[PDB]
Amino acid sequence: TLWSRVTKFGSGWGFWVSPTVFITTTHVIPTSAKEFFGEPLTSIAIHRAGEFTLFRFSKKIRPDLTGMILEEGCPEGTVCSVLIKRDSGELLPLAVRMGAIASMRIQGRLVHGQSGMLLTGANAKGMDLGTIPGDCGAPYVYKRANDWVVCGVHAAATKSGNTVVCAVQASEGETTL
C-alpha cells in the first residue's frame, strides 16, 4: 500500500503521510498554484523548510490511508528504501544505506538533508538502478518494529556515483510558497 501514497506532483512527486498530510520536495511544487488537490490555499497549512515542504489539509484528501510516522531523517546506517515511481508506470524501490544528516548546498539551493549510498553500487549504470531528474519528492522509508517510517523526500544525487540525498523536515519553516 506504500506505493499508493506516492503521488505525481509538479515536476516530481509527493507522499501522503496520512489522509491530511502530504510531503514533497520544495523544488517540484507547481508554481503560482491557487489550490492543491481542489483545496484553496487558505485552507491548507503549508510548512516550507528549505527543500522539504509539508502540506496539512483541513479535510481528508486521502481518507483511504492510515497515518504513518514521519521523522526528521533516520539513524546513520539505517537501510531505507526510496520508492521511485516513474511516468512509465514502473515502481522502482531502491535500497539506500543512510549516512549523516547535514546542511548542504546543491546547485545553488540550501538543502537540509541526509546523504545515502544506493546498494546498487557506484559502478551501477542505468536509470533502473539509480535516481534521475524527475524523481524528486520520492519517499525514503523503512520499517522499525511493526511501524513504517518515512524520513525524507528525494532531493539530489551524484551524476556518476551511487550517492543520493533526501531532504529532511526541520522545526523551522515558512508558511507560504
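What we label the rigid core is the largest C-alpha set whose atoms superpose within 1.5 Å from one form to the other. Numbering follows the first chain given and starts at 1. Compared with the form deposited in another entry:
- With the two forms fitted on their core, the C-alpha shifts between the two forms stay under 2 Å for all of 124, 69, 132, 119 except 124.
- When the rigid core is held fixed, the Cα atom of residue 38 travels less than 2 angstroms between the two forms.
- Residue displacement note: residue 110 has its CA displaced by at least 2 Å between the two forms (rigid core superposed).
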Given for the second form:
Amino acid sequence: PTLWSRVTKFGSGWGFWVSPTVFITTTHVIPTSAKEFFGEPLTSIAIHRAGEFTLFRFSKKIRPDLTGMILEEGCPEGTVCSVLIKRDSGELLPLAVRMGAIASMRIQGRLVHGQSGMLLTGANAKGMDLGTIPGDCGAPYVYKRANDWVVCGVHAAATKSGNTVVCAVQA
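Now that the form deposited in one PDB entry has been shown, please provide the structure of the form deposited in another entry.
Chain only, nothing else included.
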C-alpha cells in the first residue's frame, strides 16, 4: 500500500488518485483532443475546473485497490509539504517545499494563481535530483497531519532559476 502508486502519468504531465473514482491534475497537461480517459467515455466523466486545478469524478471504480484520502483547498501558511515527483527514468523524487500565501505570481512572464511555495533543497540542483522540471506538472502536494495523509493541490509552475513553485488548489 503506497502514496506513490496513486501518482499516474497523464497527458503532458501527471495526476493523482484521491480515491477509486476521483483523479486530480493540472489543467494545462490535459489533452484537448479525447473521447475517453482510463477507458471510460468522456460522456460519463464529470470535469470540475478552477484555473490550473482540475478534478475528474468517474461513474465507476477505476482504482478499487485504493482507500479515499483527505483533499483540502491548500494548507495553512508555513506548512512543509512534499511534492511527489515521478520521472520517466523510474526515479521517485519527494522534495520538501515550505508553503506561503495564496497569490497571483509572475512565473517566467506569465500569471499563475495558487499557493506559493519555496523549495527547501538549497542553492541549486546542478545535475542533482533537487528541483522541478516542466514535465513534472500535475504531481501532488502532500503532508502528514495526525495519522492521516492530506493532499492539498497539484504542481502548476516553477521559476526556471530560483526557489519558487505554484501549487494549484481546489475552489
